[PDB]
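Novice: So you can see what is in the structure, the chains are spelled out below.
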Amino acid sequence: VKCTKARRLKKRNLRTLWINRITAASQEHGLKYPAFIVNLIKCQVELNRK
Amino acid sequence: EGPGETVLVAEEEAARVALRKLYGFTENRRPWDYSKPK
Amino acid sequence: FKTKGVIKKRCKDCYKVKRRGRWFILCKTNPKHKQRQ
Amino acid sequence: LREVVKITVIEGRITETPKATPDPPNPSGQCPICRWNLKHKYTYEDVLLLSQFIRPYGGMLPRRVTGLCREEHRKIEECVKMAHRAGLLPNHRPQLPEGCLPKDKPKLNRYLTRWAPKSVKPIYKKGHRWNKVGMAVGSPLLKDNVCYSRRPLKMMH
Amino acid sequence: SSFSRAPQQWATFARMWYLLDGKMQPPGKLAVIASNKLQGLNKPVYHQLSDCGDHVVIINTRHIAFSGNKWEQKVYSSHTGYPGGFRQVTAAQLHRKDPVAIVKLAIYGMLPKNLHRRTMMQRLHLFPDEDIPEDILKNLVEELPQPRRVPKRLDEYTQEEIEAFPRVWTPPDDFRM
Amino acid sequence: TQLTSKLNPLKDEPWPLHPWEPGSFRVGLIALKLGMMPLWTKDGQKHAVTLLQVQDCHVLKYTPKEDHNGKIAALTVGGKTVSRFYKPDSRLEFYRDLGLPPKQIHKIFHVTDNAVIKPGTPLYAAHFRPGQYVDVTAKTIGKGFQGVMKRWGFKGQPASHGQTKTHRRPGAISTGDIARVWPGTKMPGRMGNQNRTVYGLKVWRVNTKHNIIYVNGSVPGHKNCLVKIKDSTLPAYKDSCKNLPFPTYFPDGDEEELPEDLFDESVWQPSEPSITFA
Amino acid sequence: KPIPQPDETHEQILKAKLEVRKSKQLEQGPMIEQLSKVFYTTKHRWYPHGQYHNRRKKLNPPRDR
RNA sequence: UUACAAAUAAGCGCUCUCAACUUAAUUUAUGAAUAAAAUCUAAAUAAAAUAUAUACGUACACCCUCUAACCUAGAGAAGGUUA
Ligand code: FES
Ligand SMILES: [Mg+2]
Ligand SMILES: [Mg+2]
Ligand SMILES: [Zn+2]
Numbered sequence: 051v052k053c054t055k056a057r058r059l060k061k062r063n064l065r066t067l068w069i070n071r072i073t074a075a076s077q078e079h080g081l082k083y084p085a086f087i088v089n090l091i092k093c094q095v096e097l098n099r100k
Numbered sequence: 283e284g285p286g287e288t289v290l291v292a293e294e295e296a297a298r299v300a301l302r303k304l305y306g307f308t309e310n311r312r313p314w315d316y317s318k319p320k
Numbered sequence: 065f066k067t068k069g070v071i072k073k074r075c076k077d078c079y080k081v082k083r084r085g086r087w088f089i090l091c092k093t094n095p096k097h098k099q100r101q
Numbered sequence: 035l036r037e038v039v040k041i047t048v049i050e051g052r053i054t055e056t057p058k059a060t061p062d063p064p065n066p067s068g069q070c071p072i073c074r075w076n077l078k079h080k081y082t083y084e085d086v087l088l089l090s091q092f093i094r095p096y097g098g099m100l101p102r103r104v105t106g107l108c109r110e111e112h113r114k115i116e117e118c119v120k121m122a123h124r125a126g127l128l129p130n131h132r133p134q135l136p137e138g139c140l141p142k143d144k145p146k147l148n149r150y151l152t153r154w155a156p157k158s159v160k161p162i163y164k165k166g167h168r169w170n171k172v173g174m175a176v177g178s179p180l181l182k183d184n185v186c187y188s189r190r191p192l193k194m195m196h
Numbered sequence: 002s003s004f005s006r007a008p009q010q011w012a013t014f015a016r017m018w019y020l021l022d023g024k025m026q027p028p029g030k031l032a033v034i035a036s037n038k039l040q041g042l043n044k045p046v047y048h049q050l051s052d053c054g055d056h057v058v059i060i061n062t063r064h065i066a067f068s069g070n071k072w073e074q075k076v077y078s079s080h081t082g083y084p085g086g087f088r089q090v091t092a093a094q095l096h097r098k099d100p101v102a103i104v105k106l107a108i109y110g111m112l113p114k115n116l117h118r119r120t121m122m123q124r125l126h127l128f129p130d131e132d133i134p135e136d137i138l139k140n141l142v143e144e145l146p147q148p149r150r151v152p153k154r155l156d157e158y159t160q161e162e163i164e165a166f167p168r169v170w171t172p173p174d175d176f177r178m
Numbered sequence: 071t072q073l074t075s076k077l078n079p080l081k082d083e084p085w086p087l088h089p090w091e092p093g094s095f096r097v098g099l100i101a102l103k104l105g106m107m108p109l110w111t112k113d114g115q116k117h118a119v120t121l122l123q124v125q126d127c128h129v130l131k132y133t134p135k136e137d138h139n140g141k142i143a144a145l146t147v148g149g150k151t152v153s154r155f156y157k158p159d160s161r162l163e164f165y166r167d168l169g170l171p172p173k174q175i176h177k178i179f180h181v182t183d184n185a186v187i188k189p190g191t192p193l194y195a196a197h198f199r200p201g202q203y204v205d206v207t208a209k210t211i212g213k214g215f216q217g218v219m220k221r222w223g224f225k226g227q228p229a230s231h232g233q234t235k236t237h238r239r240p241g242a243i244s245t246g247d248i249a250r251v252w253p254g255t256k257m258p259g260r261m262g263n264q265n266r267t268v269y270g271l272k273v274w275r276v277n278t279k280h281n282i283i284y285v286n287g288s289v290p291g292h293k294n295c296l297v298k299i300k301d302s303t304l305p306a307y308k309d310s311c312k313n314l315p316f317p318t319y320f321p322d323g324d325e326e327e328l329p330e331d332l333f334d335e336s337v338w339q340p341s342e343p344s345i346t347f348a
Numbered sequence: 072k073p074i075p076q077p078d084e085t086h087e088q089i090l091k092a093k094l095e096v097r098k099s100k101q102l103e104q105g106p107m108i109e110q111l112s113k114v115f116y117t118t119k120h121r122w123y124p125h126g127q128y129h130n131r132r133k134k135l136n137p138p139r140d141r
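Chains as they are written, first to last, in the deposited numbering: chain R, 51 to 100; chain c, 283 to 320; chain 4, 65 to 101; chain r, 35 to 41, 47 to 196; chain K, 2 to 178; chain E, 71 to 348; chain a, 72 to 78, 84 to 141.
Keep in mind that the hints were calculated from the coordinates and are not lab data. Incorrect hints may have been included.
Stated by the list, open to error - Under the rule of at most 20 Å between Cα atoms (straight-line distance), these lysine to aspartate or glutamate pairs were calculated in the EDC-like manner:
#1 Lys144 (chain r) with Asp130 (chain K)
#2 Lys146 (chain r) with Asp175 (chain K)
#3 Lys58 (chain r) with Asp175 (chain K)
Make the full structure from the sequences, and use the hints.
Specialist: Set out below in structure tokens:
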């Protein structure tokens, strides 16, 4: 049962891992996470968090 | 440039990087063309 | 220094003060009128 | 400025006083603060602004002489207290009557202090998350000041 | 990069020393910055299983500042584990007795509540004043901006700067002031 | 031969002898508890007094302020020479360097920098004088595992009227609701053999020949038990060391020849006329 | 910065930090405490494990490059 | 004093017992806002004034020879003594 309830929790944790690392990455260059993602989309460039 | 645990190891490794450069074995080199039909 | 919900002046000479975070009425003529909130 | 010189003969002599800067940005401003378009743009850290209304020993000047409207006579007074408690006016310390020395205890750095440190009791029972008791930061009188944040400033921390 | 594998692994996961100055800085803002570096959240290679934390050195902890009346209203509690051993001490008293405790507690509070917190806390180094040991100074690799801008005192302001600020009002010549 | 080599401190490159100033704390001796005997004062009252013998009391090691981890410096004072055949090699090596026979016990005395004494300096009962209040600390007599009644003076339960198998047992451990026992609860366990101190014990007499100090009242430990005599720390006795020898007394110096027995003014010496309450 | 040549393998550095001066090989409690200071870790990390946990470990874990 | 009609253990016998950095109800002083010959001040300041406690000081600190035997150390183990 845990193995079945964890197949749909590695797809949400692996995303939270990405947001941690993207927040870390942008902060080096001086941008908060919201600014980095929103502006990239507003330029019509679509790159996922992975 | 080279990273190392100690200055001597960093100095020795830094030489390794340069020798590749001269010989063009940097990993970012153009990939070998195994796909040429000829 | 009776502690009461409402502080009311008991004489004309009575005056109001705000000491150590509470309201006090002290009367020079009569120490009886001294009160605290 | 009239000041008394003692010799007994004591004489008060009027001396020239610094003149206010002419041409305020806002003409006909009823209150001196508004005259200069600083109605809702000053805070406790604005020592230069506040210093213009304070006695040499740190006391507040009377409203009449200053000319400030009551609305800005209380806000200015409140900000001055915060500045003194934060050690932003080191040259306006109290007058020592008989050369008495300071308490000699080290001064804890504080800012945005609403109340006197002596008159504030500790909150031993903090309260739970829903009922948590709040610690005052800043003063309500500065509610109308311009805010450059997404959401209003949190007065109670 | 063309670096060898082992040096590359050593370089990527190396640990850094960061100096933070606490003069006229609230402990919480110091705690926010310090805690982030200790866990390694500032690294794009951060992983909960990688033990990639970095050393943080904080100085001038005695000179921290609190907003409002937090000095006299914030209370720290401890229990010795014996009847009647409950002690509630205000921040001012704790700071007087131990200058370094207040900063340490904030970083401990924010860190994750797991076994790794204790390992991270070893990396934290707190000094009451600017004095630092010789070995630590060599270790330091970078410094971090203070989170809170320190307001300038009236005495600090230059005479010309005072002139720049206009005189709002002038007292009449017939005034004691 | 080793003991004789150290018999002359002042003629063996002694450290500077700084003068006394307020706030100074001296070193203290380690003595063997011979026993007790009665003593009388010129008021006629009898005071039970105990005999403490100083035996081969030599300062061993001198730590500095900073390394000691205290504000004050610290000296080690060993006493009661013992055999060499049943000691660990490490202890023998340390004593060989010091050039003294091994001592049964080590203890640490907090001593100000002014009162520091060079290591290896012999100490004698002349370090104290009659009159000075002194404090003694030593391990208490070990009584073994004991019940709650004897250890903590619990009242216990009655013997008759139906008390079935409950006479010396503890009562209710704690409160029921907490579902646990508070730490530090008084429970049956081993009693005695714990380091304890007695404060404010006057020094009635000092026997120079046999290095015996007469200390008022009871001192912890069994007879022949080593103790740690030290200048009293009570507020009233804060500055009683000024009159006494500041670093210590060096007989080898021979500044003055002291009598065999030193008495206090109130003490009634033997061979004196019988006390008359005129 | 110019490289400082006047004073080296990491093994030698460890020996200097973990100098054996007193008691030859220190006891685990003292020895582990000394190690914990050098690496800024706790003692609990260095303590061993039993034979149940040791045998659970994989002999040849997978490798990616 | 009472036992062991043992060298001991008890009390009914005997001795020793201490400091307060940091406060609260409260009381003073200087002093503005509040044009005073005011105001203890959730104004800037200086002090005094319960109980608490740990700033402060005692206590411990010594790192292992142990066939064995003895012990005022002890349930075992530990611990002490052995020219
Ligand atoms: S600032 Fe304009 S009315 Fe006062
Ligand atoms: Mg009974
Ligand atoms: Mg029965
Ligand atoms: Zn009245």
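Novice: So, for every hint listed, does it hold in this structure?
Specialist: Against the structure, the hints come out as follows:
no., hint, result
1, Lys144 (chain r) with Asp130 (chain K), "holds, 17 Å"
2, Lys146 (chain r) with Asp175 (chain K), "violated, 38 Å"
3, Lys58 (chain r) with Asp175 (chain K), "holds, 13 Å"
Of the hints listed earlier, the one the structure fails to meet is number 2.
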